[PDB]
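A.B. asks: Chain by chain, the residues:
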Amino acid sequence: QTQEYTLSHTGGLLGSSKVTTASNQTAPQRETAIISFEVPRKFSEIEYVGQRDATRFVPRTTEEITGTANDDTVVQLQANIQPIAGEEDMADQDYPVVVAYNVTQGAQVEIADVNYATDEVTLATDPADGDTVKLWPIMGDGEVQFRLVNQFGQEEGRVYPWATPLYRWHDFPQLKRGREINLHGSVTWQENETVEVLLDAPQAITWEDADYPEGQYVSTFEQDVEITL
Amino acid sequence: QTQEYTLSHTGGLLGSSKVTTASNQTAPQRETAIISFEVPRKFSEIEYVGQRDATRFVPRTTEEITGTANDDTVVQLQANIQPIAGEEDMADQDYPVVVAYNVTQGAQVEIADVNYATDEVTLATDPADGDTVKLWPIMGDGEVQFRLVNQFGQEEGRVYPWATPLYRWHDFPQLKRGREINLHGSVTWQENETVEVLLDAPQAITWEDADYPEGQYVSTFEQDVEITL
Amino acid sequence: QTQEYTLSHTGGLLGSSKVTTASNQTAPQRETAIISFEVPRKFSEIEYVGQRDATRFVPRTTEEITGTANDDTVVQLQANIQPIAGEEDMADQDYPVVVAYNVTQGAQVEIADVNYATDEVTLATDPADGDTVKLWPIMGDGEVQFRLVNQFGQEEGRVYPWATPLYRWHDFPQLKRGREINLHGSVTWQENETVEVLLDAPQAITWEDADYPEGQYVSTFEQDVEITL
Amino acid sequence: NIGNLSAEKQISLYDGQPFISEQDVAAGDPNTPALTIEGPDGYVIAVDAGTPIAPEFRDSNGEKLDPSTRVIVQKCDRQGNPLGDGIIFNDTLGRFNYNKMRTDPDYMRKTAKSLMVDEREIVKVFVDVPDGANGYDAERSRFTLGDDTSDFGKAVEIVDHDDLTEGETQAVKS
Amino acid sequence: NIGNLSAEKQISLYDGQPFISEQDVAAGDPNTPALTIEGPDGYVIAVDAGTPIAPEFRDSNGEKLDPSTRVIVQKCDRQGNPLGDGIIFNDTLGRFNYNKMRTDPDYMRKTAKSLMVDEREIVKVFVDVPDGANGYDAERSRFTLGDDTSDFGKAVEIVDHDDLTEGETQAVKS
Amino acid sequence: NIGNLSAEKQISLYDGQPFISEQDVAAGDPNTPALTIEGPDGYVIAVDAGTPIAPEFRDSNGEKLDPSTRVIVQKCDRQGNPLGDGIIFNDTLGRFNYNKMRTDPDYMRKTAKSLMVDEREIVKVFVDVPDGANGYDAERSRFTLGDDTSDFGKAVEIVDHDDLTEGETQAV
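Residue numbers (our numbering), protein chains in the order written: chain A, 1 to 229; chain B, 230 to 458; chain C, 459 to 687; chain D, 688 to 861; chain E, 862 to 1035; chain F, 1036 to 1207.
Everything labelled a hint here was simulated from the structure, so no lab data went into it. For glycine and all other residues, C-beta sits at the position ideal for the given N, C-alpha and C.
Quick list of in silico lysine-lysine cross-link-like pairs, DSS-like style, CA-CA up to 25 Å:
1) E:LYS971 - B:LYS405
2) A:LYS176 - E:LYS961
3) E:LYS1034 - E:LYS936
4) E:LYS961 - D:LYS787
5) D:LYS696 - D:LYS797
6) D:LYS797 - A:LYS176
Listed below are several chain C residues computed to face chain E (Cβ distance under 7 Å; list not exhaustive):
7) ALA575
8) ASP629
9) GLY636
10) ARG637
11) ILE639
12) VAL645
13) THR646
Next comes chain A alone, as it looks inside the complex:
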């Protein structure tokens, strides 16, 4: 009676009550938690198996950039940027590495060119004095791990002690058999034995802003599982 299933950063098999989202600590870097997975009312157990099971995670940050009469068109970011699957050609990245949106003009802000490893960007358009823009570059230079909870907060420990980096995460092209991710670890957790992902990085994270254009959800985490019903 074992059937594979999929999870999400939102609702799904949990109703947005047996799951939470959360930002992270930045000023002191801390291996904080951003997302949990509580077993809901019904299930007997859940199973994760790295080296058999998949994973996806698309993280982005947020900032705020004004404009000027003699606007710059150019920005710098304190969050290292890389491509995802190959070149930095925004047309063919398999999803963009940057998103932008003007606030005054409730409209997108398209990109002209990127200063690649400089971590600076050139835009296509010309913002105005005192005009606000929101950006959503991807998140790199940060670790990730899994762990577990014994119904209170007493951790069993961790799935697999060694971490994994996010620039690497972006680097490996998702959506390709063999080139998929398959971590290491093998676990099981029954009712209220919640799981929590952890992240250690300087920079922030963003799940929602209510002004992000592309589908209400700035980032995501998605995952495969093998459930006993």
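Given chain A, work out where chains B, C, D, E and F should sit, using these hints.
C.D. replies: This is chains B, C, D, E and F only, laid out in the frame that chain A set:
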């Protein structure tokens, strides 16, 4: 004395007399015929075998678009567009999904960008008021089948009862071993036991216009066969 | 005590003294030598095995083109051009087939378009009257072979009597398992039993100019070997 | 002449068919099936452990819906009743890379397990749009289940019920 | 030192060779061979059941000719005489996808059967241009028969006639 | 609950770890290593006959250095001493096609042979820039040795020295 050969939408082994081309019915969708294959004077028989034999079919439609003083550069189409083999990057589609041609200026009309699944297009150039342009997007959202004739019109029936779609046809990259098409069916037809392809779709089709730039033939069908001499 | 290693057009395991580079004869085509490989002080032997061992060779030529008040933007070349791995789209050639550099303006000269098999090129920029430009197209239409020396100049003979062409060399995409090169031949040479590559072609070759932008070395040859320490 | 054929036939399903059905959907209403497959009379169909899907589910404005969107294929007996014992393809939306995934072996998303469908049994395609997103339309959308033209992919296997003697057994299976 | 080698040698033929010959061709003249391979003296060659070809046959203006164009490789004895008993590679033109088919295992178009060529036997490449098309040129064109550098493809096998005792037998074969 | 695991653990090394080290490099200075891997104590790490590398080695301006550049991985015993009997991955730089080779099986490039690293043994990454080229930086560069996430590529095998009865044999 069995030798493989190739057919065409034009002449070849038939002299453009034992073959015909034809458009389709649009206002009432009908599974009409567009092309036949009459056995010519000579042959003892012809054989088709899906799961062994190949096929190619490049269909395009036609329309007519005027221009304006404050010309639009933008068009919408009532014929769903997709890529062929991969991205919608007109440079590297393995053949374009759109062709355009101005009539006043007897010259091409190059494309800037495509609104992909919106089924709208942006152009590179600026047409003029009352200026005519002819387009030739590809044809999708339509079925296809084969059948047979007993020298009159009394159909034996059909090769393989289930149909096949054309968006799918475009999707599978032609020109790649294994990724080639090999339908299902196995038949034989002697002198005057003509074959007729059939198509059911809303939209039109186009074989020729005499103003299409690229080689006199807007569309094509091509096919492999195993002939007894 | 057998370990695989790599060679170069420069130094490396030879200190730029047990190796030389050289141009070729053009006015009379001669199967001349361009590069050698002397065993250095240390080794007991070296081994090459075609059908097991790899090879890389990126050859380019040189010319000199002035400019004009009513500059042309267009050039012709007496050296046939082809792509490397696929299309002639300079963005995605796996390395360009042409390089250009203005001398007055100590800057690159970008390309707009290529007349492909015509062996002519269109440029992006506008040179000036009496302005010098240096080009470095690739080299095709020429043979290649290997041979050997008995410490003087008395040749043992040749590795494999039949030649190999350079347009073909460019054609086969380097950097792909299976699609790699593996010639035919199997040899061994001890101290001072130098090897010499040979080339027969009309056109020149270029190893260095001291004004080539991309890394001091216009061309290269690189190779794998199996060494006894 | 025509070559004889077996009762088993290899096919690929899609939207513009008679027996299939569809409907538009609004955001935040996962229980609304956008596609309702429906067993034809005297025609059993079959799906092995792995077969492609082309879950093309775009907006009115011809845009794939939010990546947080999810798709759940699900078996149903009669009575319009969903069923947990028997379910295929729980997955997201903004993952497939439509343009190529209809083609390549690698993107190609296969099922979780096999399936059988008697002369009248339903299958539904539930679509969890999170909320506040763009609604769904079908005319600007498609869907498929098989790769029958090609040589590497799988296809749906149909049989006419009359051409068997195990039909009673499969009826007991249900 | 050099490693000894067998008489058998694995090669790949092409245009710019001495013993091969070529010529330009006009439309609607299929009987004109654009390539004339010609047995060298004291050198038998051999082709197994399947070996690649790169039928690069472009226009004066550097464009592959009409897809309705066809290519027929064909054996010939002496007397400049074609022959039906013995023929390879009857195929079209606008099919190969040049740019990759010189490379990939899949595009790679192999022969129909094997072949042998004594010290003077001819092979011809007839080119059926339908009519009214663009003429043929050779300098803007190429041709090949083998994949000897690689590891998956086949190659042409040459032998010197002196290094055999079955040469009389193969001469009787012809 | 958590599932038990073996002592052998599959990982993939890189720049931003503590026990690894690095430094910038100038042109024409092969003997200056840009990376110095160094055995932690109470650990052994192992590399089978073939394991990938991602030898990203870019300029200060974030550009891969000259294709004439060369990379040499090299084992080193203690004493900070290079070693010839025992060496991996002599290669150029201008051969990787970074953007794909981090991913693709064919562009992937493995080692020459296997390797083992006791509790205290060094490995060095020497870089032969020919001359007169652009200087090297490390912050604009990365490096790897394994593909543990994937399913076709290999990975580095770490063990804790305490968890073995063959520890004396692998010490010899």
